[PDB]
Amino acid sequence: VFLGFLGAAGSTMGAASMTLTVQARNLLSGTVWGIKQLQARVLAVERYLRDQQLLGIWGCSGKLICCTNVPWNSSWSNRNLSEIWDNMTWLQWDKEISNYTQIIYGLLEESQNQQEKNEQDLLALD
Amino acid sequence: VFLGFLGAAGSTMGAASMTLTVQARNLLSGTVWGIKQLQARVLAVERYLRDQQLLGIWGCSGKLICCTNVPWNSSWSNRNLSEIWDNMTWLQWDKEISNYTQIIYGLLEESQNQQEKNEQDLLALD
Amino acid sequence: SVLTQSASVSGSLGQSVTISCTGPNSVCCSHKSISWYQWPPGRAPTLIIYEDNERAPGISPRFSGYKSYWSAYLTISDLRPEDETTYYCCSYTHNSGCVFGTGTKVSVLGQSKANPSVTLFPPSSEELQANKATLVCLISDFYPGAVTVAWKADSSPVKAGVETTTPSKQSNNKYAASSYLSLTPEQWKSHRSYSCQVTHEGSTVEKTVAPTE
Amino acid sequence: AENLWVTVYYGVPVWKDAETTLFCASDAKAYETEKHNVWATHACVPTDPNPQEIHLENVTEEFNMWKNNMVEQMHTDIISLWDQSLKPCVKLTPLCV
Amino acid sequence: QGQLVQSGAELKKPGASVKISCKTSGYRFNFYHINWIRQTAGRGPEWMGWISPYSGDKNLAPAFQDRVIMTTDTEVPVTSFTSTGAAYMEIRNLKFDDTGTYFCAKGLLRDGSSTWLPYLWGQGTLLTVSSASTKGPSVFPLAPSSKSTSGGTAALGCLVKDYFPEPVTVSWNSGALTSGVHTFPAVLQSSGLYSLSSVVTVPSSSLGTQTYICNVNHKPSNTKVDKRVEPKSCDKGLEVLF
Amino acid sequence: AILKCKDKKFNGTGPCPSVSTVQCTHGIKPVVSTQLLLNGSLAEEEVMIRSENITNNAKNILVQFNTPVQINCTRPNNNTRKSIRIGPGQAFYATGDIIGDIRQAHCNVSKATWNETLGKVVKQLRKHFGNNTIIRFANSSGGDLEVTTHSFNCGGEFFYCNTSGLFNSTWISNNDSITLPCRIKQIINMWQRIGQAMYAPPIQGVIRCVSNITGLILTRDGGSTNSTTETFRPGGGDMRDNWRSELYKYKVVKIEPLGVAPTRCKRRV
Ligand SMILES: *[C@@H]1O[C@H](CO)[C@@H](O[C@@H]2O[C@H](CO)[C@@H](O[C@@H]3O[C@H](CO[C@H]4O[C@H](CO)[C@@H](O)[C@H](O[C@H]5O[C@H](CO)[C@@H](O)[C@H](O)[C@@H]5O[C@H]5O[C@H](CO)[C@@H](O)[C@H](O)[C@@H]5O)[C@@H]4O)[C@@H](O)[C@H](O[C@H]4O[C@H](CO)[C@@H](O)[C@H](O)[C@@H]4O[C@H]4O[C@H](CO)[C@@H](O)[C@H](O)[C@@H]4O)[C@@H]3O)[C@H](O)[C@H]2NC(C)=O)[C@H](O)[C@H]1NC(C)=O
Ligand SMILES: *[C@@H]1O[C@H](CO)[C@@H](O[C@@H]2O[C@H](CO)[C@@H](O[C@@H]3O[C@H](CO[C@H]4O[C@H](CO)[C@@H](O)[C@H](O[C@H]5O[C@H](CO)[C@@H](O)[C@H](O)[C@@H]5O)[C@@H]4O)[C@@H](O)[C@H](O[C@H]4O[C@H](CO)[C@@H](O)[C@H](O)[C@@H]4O[C@H]4O[C@H](CO)[C@@H](O)[C@H](O)[C@@H]4O)[C@@H]3O)[C@H](O)[C@H]2NC(C)=O)[C@H](O)[C@H]1NC(C)=O
Ligand SMILES: *[C@@H]1O[C@H](CO)[C@@H](O[C@@H]2O[C@H](CO)[C@@H](O[C@@H]3O[C@H](CO[C@H]4O[C@H](CO[C@H]5O[C@H](CO)[C@@H](O)[C@H](O)[C@@H]5O)[C@@H](O)[C@H](O[C@H]5O[C@H](CO)[C@@H](O)[C@H](O)[C@@H]5O)[C@@H]4O)[C@@H](O)[C@H](O[C@H]4O[C@H](CO)[C@@H](O)[C@H](O)[C@@H]4O)[C@@H]3O)[C@H](O)[C@H]2NC(C)=O)[C@H](O)[C@H]1NC(C)=O
Ligand SMILES: *[C@@H]1O[C@H](CO)[C@@H](O[C@@H]2O[C@H](CO)[C@@H](O[C@@H]3O[C@H](CO[C@H]4O[C@H](CO)[C@@H](O)[C@H](O)[C@@H]4O)[C@@H](O)[C@H](O[C@H]4O[C@H](CO)[C@@H](O)[C@H](O)[C@@H]4O[C@H]4O[C@H](CO)[C@@H](O)[C@H](O)[C@@H]4O)[C@@H]3O)[C@H](O)[C@H]2NC(C)=O)[C@H](O)[C@H]1NC(C)=O
Ligand SMILES: *[C@@H]1O[C@H](CO)[C@@H](O[C@@H]2O[C@H](CO)[C@@H](O[C@@H]3O[C@H](CO[C@H]4O[C@H](CO)[C@@H](O)[C@H](O)[C@@H]4O)[C@@H](O)[C@H](O[C@H]4O[C@H](CO)[C@@H](O)[C@H](O)[C@@H]4O[C@H]4O[C@H](CO)[C@@H](O)[C@H](O)[C@@H]4O)[C@@H]3O)[C@H](O)[C@H]2NC(C)=O)[C@H](O)[C@H]1NC(C)=O
Ligand SMILES: *[C@@H]1O[C@H](CO)[C@@H](O[C@@H]2O[C@H](CO)[C@@H](O[C@@H]3O[C@H](CO[C@H]4O[C@H](CO[C@H]5O[C@H](CO)[C@@H](O)[C@H](O)[C@@H]5O[C@H]5O[C@H](CO)[C@@H](O)[C@H](O)[C@@H]5O)[C@@H](O)[C@H](O)[C@@H]4O)[C@@H](O)[C@H](O)[C@@H]3O)[C@H](O)[C@H]2NC(C)=O)[C@H](O)[C@H]1NC(C)=O
Ligand SMILES: *[C@@H]1O[C@H](CO)[C@@H](O[C@@H]2O[C@H](CO)[C@@H](O[C@@H]3O[C@H](CO[C@H]4O[C@H](CO)[C@@H](O)[C@H](O)[C@@H]4O)[C@@H](O)[C@H](O[C@H]4O[C@H](CO)[C@@H](O)[C@H](O)[C@@H]4O)[C@@H]3O)[C@H](O)[C@H]2NC(C)=O)[C@H](O)[C@H]1NC(C)=O
Ligand SMILES: *[C@@H]1O[C@H](CO)[C@@H](O)[C@H](O)[C@H]1NC(C)=O
Ligand SMILES: *[C@@H]1O[C@H](CO)[C@@H](O)[C@H](O)[C@H]1NC(C)=O
Ligand SMILES: *[C@@H]1O[C@H](CO)[C@@H](O)[C@H](O)[C@H]1NC(C)=O
Ligand SMILES: *[C@@H]1O[C@H](CO)[C@@H](O)[C@H](O)[C@H]1NC(C)=O
Ligand SMILES: *[C@@H]1O[C@H](CO)[C@@H](O)[C@H](O)[C@H]1NC(C)=O
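Residue numbers (the deposited numbering), protein chains in the order written: chain Z, 518 to 547, 569 to 664; chain V, 518 to 547, 569 to 664; chain B, 2 to 9, 11 to 27, 27A to 27C, 28 to 95, 95A, 96 to 106, 106A, 107 to 210; chain R, 31 to 127; chain P, 1 to 52, 52A, 53 to 72, 72A to 72H, 73 to 82, 82A to 82C, 83 to 100, 100A to 100F, 101 to 224; chain L, 224 to 309, 312 to 321, 321A, 322 to 398, 411 to 505.
A portion of the hints provided could be inaccurate.
Stated by the list, open to error - In silico EDC-like links for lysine to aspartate or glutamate, alpha-carbon gap of 16 angstroms or less: (1) L:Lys232 with R:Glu92; (2) L:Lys229 with R:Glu83; (3) P:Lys209 with B:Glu123; (4) R:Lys46 with Z:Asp632; (5) Z:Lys633 with R:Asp78; (6) R:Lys97 with L:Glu275; (7) B:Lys166 with B:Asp138; (8) V:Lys601 with Z:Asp632; (9) L:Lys344 with L:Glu275; (10) P:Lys12 with P:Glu148; (11) L:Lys252 with R:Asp47; (12) B:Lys204 with P:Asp217; (13) R:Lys59 with R:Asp78; (14) P:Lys117 with P:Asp99; (15) P:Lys19 with P:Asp72; (16) R:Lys97 with L:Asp477; (17) B:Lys103 with B:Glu81; (18) P:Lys201 with P:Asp72; (19) B:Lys171 with B:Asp82.
Hints listed in this document are in silico derivations from the structure and should not be mistaken for laboratory results.
Work the whole structure out from these sequences, hints included.
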């Protein structure tokens, strides 16, 4: 079924993790007024690129869902699988992990370059 | 260890090839003054995209380190491995290969599309 | 009931104990999910496990469960003192409803006893202004949770007016029961003595009083 | 299995409260008004022929209209828009007599 | 997550009806199911049914199909993730067997194979289907008595000798003192009437400085009583301590 | 995104159950007017009376009607315009001869509907001040012509209509129209102007406009004394109130799509 942009707001993080390509979709394309238009037109690509920037300095240029090699520090959440994917919503979930998102991102940054520096060595010997 | 943006300036190309995700990081996010801000805000995404443009017309959207199929013309440098990775710095190294970087890029451009035109034939038969 | 639990099980402290939850194919256990509750008498229950093995939030690792093709069970480890209570399971699926079993009490042993704190309160001056005459024999802080309240009257037991009750688990893992009995108001200065016996296994206690007040 | 791993999600339905420059939309009949008369209808982008507002089920949101921006933004847009219109219009300097 | 308070006890003569309420707080009411389970003596525990505050879907047992109706009220919000709703349960006919405890309990998860599984429970509601009329609790005091004359200990409390039906509160001075909070359950007389007492441990030295008010009520018929214990002792062992 | 409170009983502050995202707001036309606000979108069920702090008299009250009360306005004089060459290019538009009678600008509303709609606001007001309360209506206390009178544009000229006749009532616990006079200006000083003003050219001919009243900007008297007779008066001043009146449905949010969460999954070697 097709709900709409942001339609799975109050949906469980499992059901909301279905409709990802819809929120990712309506995110780019869509003299007084003339200037408003221009610093809104750049703001949208700046804000968009800053996310692709992250996905790219991780390994997740795929993208949508992307697994990684940094293990989940229980201190961050510690909740069980069911009670976040089949229970909580992303609006809710965001505020819990909010305290360490940038610290989590740092774990990701080092881990990706570590992968690359390694994979060169594999293709080097083989 | 964590040096900082550009910290491995005078570091060997091996040690500088560790901290790649730091230079790649601080590269996007960070009425007289108002106009200055705007043609600096576009300049940064134009300049950024022009690199992703290259990585993408090669196979290296990964990215950071990316191996390829164009072999190293000794005429370009001819130096041994040790004396560039465990010796020279990128500031230095850049000026040597500077004379043919755009010619080198051309070798890359044809090589990627050649890969794609080929890989379709593999998935075609299989 | 249809869902058959066990009657009672036992275990030491820092020990392990199990409990079955079997039933016919109409209820258990193939193509069916099973839950597990800690339901204290006269108090709200507590959910332990669900979907056979999934532990609820706020559940120590020691608690565990397994559903065989013919029977379901629950295993409790590192036996703590407060685990001495009554438990229930339930057959359920997504669309249908719950089907509670029969009932099982857990009897943890390897547990130290306790000397009873007895304090008898006789009837007040206002109570007799009805007129009605009774007594208030109360007993607290004892293990195991089982006693027998007896009485006497001139070298012979009492054959009327008895109202005895059961024990119950307290806030400090101990047990406490009460007992009352009615006497005629003309049996005060006329009858000499009267015993209020409450026997226990470790030692014996009693609160005897002779009406001359 | 016990060990969990973070996996990143792109396209997650979640928002933070904000302020930003919005932009105007009007309809074709506003430009059909011609006569060089309406203010800023021309620089103003058009509307949608089939507008859609997606209802978000199961969600609540804490509104406050007395601490909003887009009314302060609007109020401002209206004052500016108006004041830019008067630049070409003639000055009555000597009428002060 | 959030608490789930319920209505008080009440008596209803056989061949009548009843409605049990249950308020919601500290969680999104519409986000979880509401179940209702009874701890009747005869059949032990038994699940009546549940209802979704969101969709309104009801799934009752055959035992309560023709006999009961599930009711749910509108949700009024506190914040984006919190609300304040309520639910009810109309039992049409009343039998002898219906005499027992009643509980409301919300669902486990919002999605999954165990969506309606009763996770969070209420404190309980009581029902005594009986032909007998209501009886008020005749309250009386208790003459202070000691436990150990050497240990430095004393005790006193209130008595409620005859009433029907249960239950009864056990507060102290508008819920002030939280020391020695003790209580004994009632016992049934041969005629069919209950009887209970209560006590709290106190030191001997203080007599006039301490204030005795067991503000206790019996809600099924709107009865409020307050009593104070006098210093006239009973056992000689208490007066030796002074 | 812009989020839209679709709840038909919302006072503008707090949790809204019925919500929707949307790109653009609705068609919000910029009617700049004091006292009564006009041609705005109206409520769906009840006459909603919204304020920041209702208990505090210093804060105004935004009344949003349920039913439109049509108010007809006009300048009866067939005015004429001549053009004066300041030169070169500059040209002043003077006001020429008045053709016909010399009459008075005014507005009409139904006394019936005003009665009806002023009864609706009272039914709502008592929900905030007690069931056994007197709520009468009085005219402006005093101030600038910009605020002491219902100001608006009509046909291209600016009006200043005495609202004494509308706010002149009294309300206990339990077929002509209202002619209300107006004034007219040409050199105007709106939006609290200080260094610049604007001459609105004479609009040739007879002028009349027809409009609905969508709301009010009322003000309560702070004398109080716990009296069950707290009266109200029309206000204005700050023009953000008008856009506040239409934009109460909306809120702007920043979209953040990068979610991170644990699922039992490792990326390959
Ligand atoms: C609350 O909302 C209400 C509702 O909208 C507001 O009421 C408005 O008030 C306006 C005034 O403030 C008013 O605008 C004026 O209307 C004058 C009357 O003539 C117009 O309207 C009639 C119908 O009422 C219409 O028949 C006329 O022409 C129609 O036909 C011609 C073709 O013959 C079309 O060109 C025209 O668009 C219109 O089309 C209609 O009919 C066809 C079918 O034939 C339909 O298919 C169409 O869909 C359409 O319905 C008139 O349009 C009018 O005389 C005024 O004109 C002056 O101002 C305009 C400004 O745009 C300008 O273009 C004109 O040329 C003229 O100004 C210049 O000329 C003057 C001399 O000619 C000169 O002196 C001036 O200085 C200028 O140089 C003006 O248009 C408006 O009509 C109403 N709304 C409605 C629905 O009637 C109310 O104001 C709001 N409240 C507040 C507080 O603002
Ligand atoms: C703010 O302004 C608005 C408008 O700007 C005001 O609202 C207006 O209010 C008036 C009344 O106050 C409304 O007029 C009404 O129109 C009714 C319908 O008339 C049409 O249909 C009939 C057939 O039933 C046609 O014959 C008519 O055409 C004839 O009349 C016109 C002139 O009106 C001529 O030009 C034509 O050539 C025709 O000859 C219309 O097309 C009408 O029924 C109603 O009352 C009539 O009937 C009663 C009896 O019930 C008579 O007593 C009365 O005198 C009227 O008689 C007219 O109609 C009969 C036929 O029914 C003819 O034979 C007569 O000769 C006579 O013309 C009334 O006239 C108007 O519709 C309405 N407009 C809007 C938009 O709301 C607000 O009140 C005002 N508010 C404030 C606060 O100021
Ligand atoms: C907003 O929030 C609310 C609350 O958070 C949320 O509502 C929850 O939605 C989830 C789904 O995402 C629900 O969970 C599912 O429930 C399914 C129910 O299955 C069926 O049977 C139900 C009971 O029927 C019994 O009784 C009747 C009569 O007594 C009898 O006839 C039956 O045989 C049976 O005995 C029935 O109520 C239910 O009805 C729904 O569906 C029918 C159409 O099928 C429709 O007509 C109804 O109007 C109603 O919508 C249904 O028929 C259950 O099947 C499902 O299990 C599946 O998924 C799990 C994994 O999730 C799998 O493991 C499993 O194998 C199944 O495939 C799941 O459990 C939950 O109950 C809701 N909770 C509440 C409180 O409403 C909304 O979805 C949210 N909305 C948004 C937009 O976010
Ligand atoms: C917004 O709108 C309000 C309300 O309309 C308006 O307030 C009114 O302002 C006017 C001034 O602009 C006040 O002045 C009144 O003017 C009338 C008209 O005068 C004619 O009639 C008198 C004789 O009556 C002639 O002398 C004169 O030449 C005109 O022909 C007067 O009639 C009013 O006078 C009354 O009060 C006098 C004092 O009591 C009496 O002596 C006189 O007879 C009038 O009768 C009143 O008293 C009688 C008993 O003596 C009683 O029986 C009558 O019923 C009546 O009550 C008066 O001078 C007018 O009073 C204001 N209205 C109110 C309700 O106060 C605002 O001014 C306007 N906003 C702005 C900014 O202007
Ligand atoms: C807002 O809207 C209102 C209408 O809702 C409108 O009010 C109108 O005001 C005028 C006055 O300006 C009213 O005209 C008369 O007002 C007098 C006032 O008398 C009072 O003051 C005198 C002293 O001056 C006192 O002696 C007296 O006791 C009053 O306190 C009224 O007395 C008039 O009414 C009399 O006649 C009626 C018809 O016969 C009787 O039914 C009524 O009971 C009154 O008789 C009383 O007074 C007599 C002496 O005058 C006495 O002998 C009797 O025994 C009895 O006691 C008259 O009303 C006008 O009527 C008001 N309108 C309406 C519909 O009543 C405002 O003007 C308006 N304001 C604006 C700004 O728009
Ligand atoms: C000043 O004030 C005036 C009013 O004095 C304003 O003018 C009015 O403006 C509004 C909005 O622009 C216009 O309304 C339009 O009406 C169109 C109607 O067409 C549709 O509706 C038909 C009937 O549908 C009813 O029945 C179905 C069942 O089949 C229901 O599902 C449906 O909900 C409707 O029921 C509703 O209405 C009835 C009354 O009719 C109620 O009793 C019900 O309780 C319920 O509320 C339908 O058959 C048809 O197919 C259409 O779908 C509508 O499309 C359009 O969007 C708009 O709403 C008025 O026409 C207009 N009136 C006048 C005289 O001008 C004015 O805008 C305002 N401002 C200014 C500046 O003047
Ligand atoms: C809608 O608006 C009303 C007011 O119009 C608000 O109602 C008031 O609410 C406040 C509490 O929120 C009530 O409490 C009062 O606060 C005063 C604070 O002022 C002191 O602090 C400031 C800090 O800068 C100083 O500048 C100032 O000089 C004061 O020192 C107190 O002064 C009040 O009196 C108390 O203190 C004095 C000594 O200073 C004592 O003598 C008094 O006995 C008393 O102890 C008082 O505490 C206030 O009473 C309310 N007023 C009314 C009229 O209701 C609403 O809160 C608001 N609504 C919302 C939603 O915000
Ligand atoms: C992460 O988990 C470890 C144990 O698994 C713990 O010691 C550490 O404190 C946690 N991290 C933080 C920031 O608390
Ligand atoms: C590249 O190397 C070959 C031999 O390896 C040499 O002939 C050629 O000249 C080199 N390229 C250039 C541009 O010199
Ligand atoms: C989470 O659920 C799984 C289900 O098997 C269980 O093994 C695990 O112990 C649970 N974790 C916690 C912290 O309850
Ligand atoms: C409202 O209308 C009635 C209709 O007769 C009228 O009598 C009444 O006076 C009006 N209301 C007020 C407050 O005057
Ligand atoms: C006022 O009284 C009416 C009487 O019908 C009642 O409906 C309303 O709720 C009451 N409002 C308040 C705020 O007391």
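Outcome of the hint check:
1. L:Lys232 with R:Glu92: Within the cut-off at roughly 15 angstroms; holds.
2. L:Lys229 with R:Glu83: 11 angstroms, holds
3. P:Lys209 with B:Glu123: 12 angstroms, holds
4. R:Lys46 with Z:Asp632: Roughly 10 angstroms between the alpha carbons, so the hint for R:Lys46 and Z:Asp632 holds.
5. Z:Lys633 with R:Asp78: 35 angstroms, violated
6. R:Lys97 with L:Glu275: 9 angstroms, holds
7. B:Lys166 with B:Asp138: 10 angstroms, holds
8. V:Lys601 with Z:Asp632: 29 angstroms, violated
9. L:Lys344 with L:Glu275: Violated, at roughly 21 angstroms.
10. P:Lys12 with P:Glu148: 13 angstroms, holds
11. L:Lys252 with R:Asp47: This hinted pair is violated, its Cα atoms lying about 26 angstroms apart.
12. B:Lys204 with P:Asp217: Measuring from Cα to Cα gives roughly 11 angstroms; hence the hint holds.
13. R:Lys59 with R:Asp78: 13 angstroms, holds
14. P:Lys117 with P:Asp99: 48 angstroms, violated
15. P:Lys19 with P:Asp72: At roughly 13 angstroms apart (the allowed maximum being 16 angstroms), P:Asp72 and P:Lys19 satisfy the hint.
16. R:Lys97 with L:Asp477: 12 angstroms, holds
17. B:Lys103 with B:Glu81: 13 angstroms, holds
18. P:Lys201 with P:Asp72: Distance of about 24 angstroms is beyond 16 angstroms: violated.
19. B:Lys171 with B:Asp82: 12 angstroms, holds
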